[PDB]
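With the sequences and hints as input, model every part of the structure.
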Amino acid sequence: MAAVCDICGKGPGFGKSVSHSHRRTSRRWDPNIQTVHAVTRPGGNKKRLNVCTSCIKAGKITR
Amino acid sequence: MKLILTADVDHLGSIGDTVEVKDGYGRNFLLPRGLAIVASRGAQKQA
RNA sequence: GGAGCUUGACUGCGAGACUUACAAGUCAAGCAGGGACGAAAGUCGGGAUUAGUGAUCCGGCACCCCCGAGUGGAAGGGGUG
RNA sequence: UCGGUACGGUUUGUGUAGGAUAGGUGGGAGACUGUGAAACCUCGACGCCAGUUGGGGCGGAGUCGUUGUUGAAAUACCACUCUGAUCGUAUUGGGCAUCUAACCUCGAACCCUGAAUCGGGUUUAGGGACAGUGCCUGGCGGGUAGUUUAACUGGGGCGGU
RNA sequence: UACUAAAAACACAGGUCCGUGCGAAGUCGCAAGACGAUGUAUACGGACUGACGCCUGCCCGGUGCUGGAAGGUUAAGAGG
RNA sequence: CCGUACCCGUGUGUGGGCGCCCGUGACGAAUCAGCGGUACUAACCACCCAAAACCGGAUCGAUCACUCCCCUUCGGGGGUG
RNA sequence: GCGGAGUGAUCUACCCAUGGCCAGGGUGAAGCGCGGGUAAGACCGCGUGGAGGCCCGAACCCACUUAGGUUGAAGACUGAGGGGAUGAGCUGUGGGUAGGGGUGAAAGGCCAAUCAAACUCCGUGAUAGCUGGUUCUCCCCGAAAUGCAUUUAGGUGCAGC
RNA sequence: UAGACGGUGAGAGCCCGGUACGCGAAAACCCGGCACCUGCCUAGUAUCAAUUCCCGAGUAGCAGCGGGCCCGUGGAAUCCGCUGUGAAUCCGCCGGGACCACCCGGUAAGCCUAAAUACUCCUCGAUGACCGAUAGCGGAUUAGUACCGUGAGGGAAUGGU
RNA sequence: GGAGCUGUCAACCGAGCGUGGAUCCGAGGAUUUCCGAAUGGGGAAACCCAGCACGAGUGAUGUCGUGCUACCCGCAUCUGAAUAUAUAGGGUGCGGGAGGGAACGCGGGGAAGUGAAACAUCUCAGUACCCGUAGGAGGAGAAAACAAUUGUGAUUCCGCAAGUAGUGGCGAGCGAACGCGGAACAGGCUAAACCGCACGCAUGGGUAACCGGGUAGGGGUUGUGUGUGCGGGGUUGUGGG
Numbered sequence: 001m002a003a004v005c006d007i008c009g010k011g012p013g014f015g016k017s018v019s020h021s022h023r024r025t026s027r028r029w030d031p032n033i034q035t036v037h038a039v040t041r042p043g044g045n046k047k048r049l050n051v052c053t054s055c056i057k058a059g060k061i062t063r
Numbered sequence: 001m002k003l004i005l006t007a008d009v010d011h012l013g014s015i016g017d018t019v020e021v022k023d024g025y026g027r028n029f030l031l032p033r034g035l036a037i038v039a040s041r042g043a044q045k046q047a
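Top line first, the protein sequences correspond to chains X and H. Mapping of the first sequence onto PDB author numbering: position 22 corresponds to residue 22, and the numbering continues sequentially without gaps. Mapping of the second sequence onto PDB author numbering: position 7 corresponds to residue 7, and the numbering continues sequentially without gaps.
Everything labelled a hint here was simulated from the structure, so no lab data went into it. This list has only true hints and no planted wrong ones.
Taking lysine-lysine pairs in the DSSO-like style, the calculated list, with each CA pair at most 27 Å apart, reads: (1) H:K22 with H:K2; (2) X:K57 with X:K46; (3) X:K57 with H:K22; (4) X:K60 with H:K22; (5) X:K60 with X:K46; (6) H:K2 with H:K45; (7) H:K45 with H:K22; (8) X:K46 with X:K10; (9) X:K10 with X:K47; (10) X:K46 with H:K22; (11) X:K57 with X:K47; (12) H:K2 with X:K60; (13) X:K60 with X:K47; (14) X:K10 with X:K57; (15) H:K45 with X:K60; (16) X:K46 with H:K2; (17) H:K45 with X:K57; (18) X:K57 with H:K2; (19) X:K60 with X:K10.
As structure tokens, then:
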């Protein structure tokens, strides 16, 4: 559930995890993608849409 | 979220009264039903 | 060994030597300040001498406006113990 | 429901004080009684039954006050005065419960499949603001990964340095 | 154990113990999704032992598992 | 290749047979009106409940009200009607 | 020997689907039938029938002892003797599992003659306090194996010559 | 204005093919002149007041975990990404190395933008104090052939009458 | 262009052509089996088997020849279920894509060996390698930048500053900018307040001051606001609209 935001192109970040000893390793910062249904008009079909939370705050907000 | 209430709701009040929504009640309750609208320029339409 | 008074168990320097691969160690008469002792002349820059300790980096404490990213300040840094 | 915080708010514990049950007190020591009273009683608090306090008949009109015997008041107008307790009140969270509305449902039915047990959707039934998923953080962690694990040494090792 | 060792090793039947109430646990996978299983506690997975017969004693102190959460300690966050 | 077989497909016709159009064989409904199931059910009837309203017996009390005798401190009781 | 990206399950390890083979002999279980007994049974003696991770023994498949070969006829063989040989079997065809991973009746073996982490390439001209080699001549001069320090004594640094 | 190489029976300015030098384009094509074609514009400049409005929104900034910037989290600027909270429209905002004040510079969160620059599989021309067949790329010769390897891939030698 | 050719490897034969301009060299054009992104479907590539249409052929099936039919994305457009709108989907038609390409570039990903005489931090390196994705060059770009009062006024690239400042188990080692001097130098277009349209949603469905401002009348009619999109206007820092 870290798929690229369907309506933005927001992908995951890649980078390092600085441990106590400064030892670097590889990690990923997936965006907080939640599952919502897609509605284009009142009473819509409710398809599906993997969307970022910033758009849940403003944009393709259905339910 | 600031909405203009178009139908009476015990939680918020009378038609066009006010809004004190906890960011989501309207997103998935009011707006599907059409009980309120986005307070963009409806504040101008109403007053 | 015993006793009186005392803190030089100081500050700022230290020519000149030993020793040693280097770092490092050791000794230093003597000078200036100021002062304890001493009637004075004089001694004292810790223990009768040789062991009782540990380089570097980083960091902390007090003090000296030393610098202060436009400027005035500040932070931080710098210097001495 | 509870917590915590604050507010319009008040109040509370016998060495010795003994007609001021006060660790402490005052913009100063009368509000008031006659700007419809204390008190005798009661008992709500208090209640170890001391008497503060009023839940309440009174009395229908002061026991009192720097009367002093505490520390000087008989905290009565006044400043919120270690403010237990506590009215409710601004806030806040927790916990709990309920509810359906996001969300989940390899739970059912129908449909674009007359070629489908995948998938996607409509309606319905049921879970439920949980869980899961992203961020941050603590913890367990030879399952996995990179290296170390000293030297002298009458060979090495043990021993000892 | 081809290519030095076939055994006193291994393995099965049987016997115990532990886990799982079902898109199960476990495993493979980052996830999706599969196996397990078109099965489900008289089944399935894991560990030890190894027919049958007689038997399987004591100790929970250490180290692990499991249950509890009086109390202590205990990060981020809130608050500050 | 000689001799003898077999499956699918196309056609040429040969004759018989079927139906197609016509026809014909067979099959074959129920509405309208009378009667029964009482199924629903006005009115009405059987069981029992509140049997509504109202009347009545009993019951005590730290209730109240009218009266008997005893007590008093003057504020309540007692057996009772 | 590490790493990255790739290649391979035609030998071999294991499994799924589909076939064949397992000569010929031998012992002779359950079940059945007969007869005895018995109330009914337990039970006994015969016959049919024909099961077995059963026996003997060919092909097939394994590879136990010994002789031989051993710059072999052969990069693992042969001769002569051995074990299993209707079962956990052997075998062909077609298919899957692929590397810090697979598979494995587990031996740490097998994965194209090599496996305590396979092969080719790339980074790569890697690295190594160790070994080994460094090509023609002449002339002068001419060492040390000693001290100090070392995650050091088979090296290096300063000093000495 | 021809002595550049080369060939020709042994070393060529005048033997040859050639060079210098000067000619040479039906058809296609790149650049380029012209025409058509296409397309913008019935002026917003000057002045003044600033009561009104705008000047890039889930963005910036802030806090958290990181990258990268001489800059390894250190007092850590600016820039970038992720997650929660979440500004303003000129009396604003950002920056000027934590940071505050003053001063100064500039107005982010929309887009396009030639030149200077990097490289030569490949096509003409030219050079070379580069080899001359165990060298040059491995390939002057049946060359990425034969051959080795199931495969990824490895990868030869042979010139002279 | 010009008198000899029938290529070469390896060249012996045979048979022809050539002043009517051969052979040969350059351009354009047609044809161009089969495979391969491979595209009608399938597939051990270079094989197999089909559908539609036009046409050839047979007494008639067979057979043949030429075109067409992959998938996806976008555009136009019809129908637009499940349920009513309606949508997903489906259907028709029109454009584009995939794959190759020696090197170079951009964005994203990301080791070890080695060094540090061990070694994790660090380095080797943001390299090797990989993915995406173009171009002829790309990328970047027209200041919310530098300096700190001489002030400059888009970007890029070379050389200095310099192996300095500084950063680092302050070890191995890594490594700037300001500014100066050169090559080349061009900067232009949108959003928004507003104005006017189309459409969408309420109210007034006759009170709207709307219909070009205004003068004087007129109708009392869709005035007003608000959502989507089009068109004007404006695009700048001594702030401009």
